[PDB]
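In structure tokens, one chain follows: the form solved without its partner chain.
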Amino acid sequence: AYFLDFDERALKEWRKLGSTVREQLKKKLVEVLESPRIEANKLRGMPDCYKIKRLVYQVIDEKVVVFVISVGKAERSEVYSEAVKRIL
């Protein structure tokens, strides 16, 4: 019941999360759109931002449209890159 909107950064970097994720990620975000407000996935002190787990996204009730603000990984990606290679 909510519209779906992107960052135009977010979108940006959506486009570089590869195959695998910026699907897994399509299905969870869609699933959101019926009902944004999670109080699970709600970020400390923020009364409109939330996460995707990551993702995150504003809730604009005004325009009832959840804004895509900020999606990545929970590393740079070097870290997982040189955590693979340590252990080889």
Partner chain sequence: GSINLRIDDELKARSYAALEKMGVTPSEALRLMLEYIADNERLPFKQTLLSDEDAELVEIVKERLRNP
Given for the second form:
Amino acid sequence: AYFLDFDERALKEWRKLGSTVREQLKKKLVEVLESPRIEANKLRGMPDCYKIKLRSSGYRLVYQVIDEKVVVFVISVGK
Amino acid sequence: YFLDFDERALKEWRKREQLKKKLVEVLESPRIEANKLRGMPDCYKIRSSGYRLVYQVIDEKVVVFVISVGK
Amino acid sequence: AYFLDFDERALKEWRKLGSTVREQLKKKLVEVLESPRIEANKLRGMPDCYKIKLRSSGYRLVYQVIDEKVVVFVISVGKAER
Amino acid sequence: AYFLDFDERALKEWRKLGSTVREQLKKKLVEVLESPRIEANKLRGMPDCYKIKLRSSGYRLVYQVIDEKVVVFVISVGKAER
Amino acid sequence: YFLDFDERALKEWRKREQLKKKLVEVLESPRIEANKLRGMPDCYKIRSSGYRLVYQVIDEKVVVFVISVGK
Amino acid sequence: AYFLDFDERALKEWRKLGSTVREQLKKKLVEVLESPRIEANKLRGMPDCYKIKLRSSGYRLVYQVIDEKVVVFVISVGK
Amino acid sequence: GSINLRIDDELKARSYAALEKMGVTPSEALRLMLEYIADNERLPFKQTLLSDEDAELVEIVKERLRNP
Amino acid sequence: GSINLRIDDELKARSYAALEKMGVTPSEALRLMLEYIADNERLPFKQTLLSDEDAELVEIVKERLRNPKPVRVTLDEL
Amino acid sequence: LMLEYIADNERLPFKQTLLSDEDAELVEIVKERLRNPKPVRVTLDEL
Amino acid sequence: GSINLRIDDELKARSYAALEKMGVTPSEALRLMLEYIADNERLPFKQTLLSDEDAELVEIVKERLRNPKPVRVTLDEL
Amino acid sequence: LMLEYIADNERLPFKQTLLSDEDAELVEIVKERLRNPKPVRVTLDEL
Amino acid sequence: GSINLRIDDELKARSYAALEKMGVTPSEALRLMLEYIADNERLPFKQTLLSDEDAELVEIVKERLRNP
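Hand over the structure of the form solved in complex with its partner chain; the form solved without its partner chain is what we had up.
In what comes next, the whole complex appears, and the chain from above leads the way.
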């Protein structure tokens, strides 16, 4: 139940995702929005940044969790 | 992987079914990063009971080395 | 202020301080109790542990701050080594 | 006190501060010049860099302390981002 | 070890005898911990001139990868 | 030209070294006493501690360098 | 909805004072903690109690890795 | 003293559920936070907004230390 | 022996420095965008 | 002002040799150190003596956190 | 390939965790002795 | 031997004041620095000038590892 923010660039990238691929990323975003910190997807090298990784397609979402505003901040979408 | 027990750990074990069930999963692909006992080289932990088993994975000998079992 | 806990060993050590030395340790303790994290007194090598140092006498108090209970947990009081 | 160096870019930024804002940055600078390492203002990710922060205005000064020359080297002055 | 050059590094090289003399020593046992460019994965540096060559050692391909040559 | 301190235990260990082995350790101690910080012998895990390692025999000396007193502090000798 | 909180007088003072300095309102502060707790099922503070339990497990492993 | 907090209905539900699982009363949780804030002068959450503000400060330092142009000055010049 | 490692771990015993400087690319695009963030709150319906 | 330092003959030799190689005068070196000490209130050397004093403090903390025995107290009890 | 590594590096591609917990033993004897240090200044002649 | 040092009056004050606090004499302090310099052939201060030269070399490597 974290809020969801998208960077504009991240949102623009999102707009030009295949209907299929964003459907599956979205299914993992909503899992993320409730308990956003998945230790396995920690993007080492940046504060509180995590990946969402797709088995097929190989597309990647990167978000940062900001606890002080309870937001998940989607920064990047692509490959 | 090979499975080694320290002498002390084996004494603990004797005094188990559910842990053993998780050990065989550990024996194939032993490095579960989520249970990383941070602060130690290559060491990991294994719901109920609140009992804790600690083992070390040694790449050069393909063994899982159970060091401690208890609380 | 944060709550104050003393370990049993730490309290025993506290008891056999000169009236003067515990007097000045206490005065810095009340300051710690309202802002327990002095990053300068950070005791590296253990989670959330900090020192209280007395210029004279050379006595050392070590406490750990447990934020989840807002307590300062005094673990050791003394002067180790020569 | 430590010597004071400004980067050319930093000095240009300094020039176009309101008389008030540079006035308060300056007043904290003279304090820094006699004890430049405030570990609390430590800028993590670069060697020996520290911040000066103004409560109001939100302006940030960044300096690096070069002990081998006893200088404080002010690298940036401004307010990045929204 | 294999020897790879980045395109930019090779342009630098063209514009050398003493460095090459040290490279062949680097090509056999490439990891000299004393010249570790700390702050970077697997990167190292190579008296006179004050010129600097930087290379990365990649264990999985046995290459020494010269990235930069200059000052 | 650093001063040389031995821990008493380190000195006792030293006393019961073979005449041969201490002769070669000593040859490396005097190299250490002038420029004590050898980056390769850094004993990772402790402040400013370094090894002196012997090819033969396999005996080990451990010292800590204390710049503030310009001493090299020999802590351990053995295998 | 609404929540009614029993608070020590002195703590109301010091905590509100501090919140103004930070430019965060008391209501925003408390709604953050509740949302956090709701989603993470824990308090937002450092888990130092659990942290130094692990540190002692390590101390036992260390001692045992001395003589396997 | 007393505090009245205006709270979304669903958040009251979800947070109370969570607090009970933990065996912490809503008052105890909020009194911890207020005490923390009072003593530490910050929110107990990771300071990641401040963290990636510094990250950009570091980025400006890095860029400028490439070609440093120091100028020795006195306060009276400032 | 090395095969027994690759069997279980599903990777090479050497350090994956290729993924190191692939995750560095991502960090870059992320470090860069964190410089100029442009946040937008979105209903999942609005996705 | 002025300072007179009593110095061993050989150390004067060896340190002067070293200072010349660096192109630093004995006065500049000593004025850096005195300025550092004045502002930072410590010697510029690694604080390793203090470092391994803390290391033993850490050792007592570790031993005691094995079986912690906290006692809640007030200042008036102390 | 793995042979080409061991040829030059003079070790195994896996991490030497055996030397890890051999250098830990030494650190222990060192950590322990740093607790009760007993320093003695010595002429190299006095050695 | 003996060394004669020219020193600013204010710096003599502040540095001696500080040395008493530390319980180190001015002579001991200066003999340490000279011995250090003699043996290590460098000043005892952090080599941050050399440090942030290396940091810039890394910044160039980083940029180049983006597109090899």
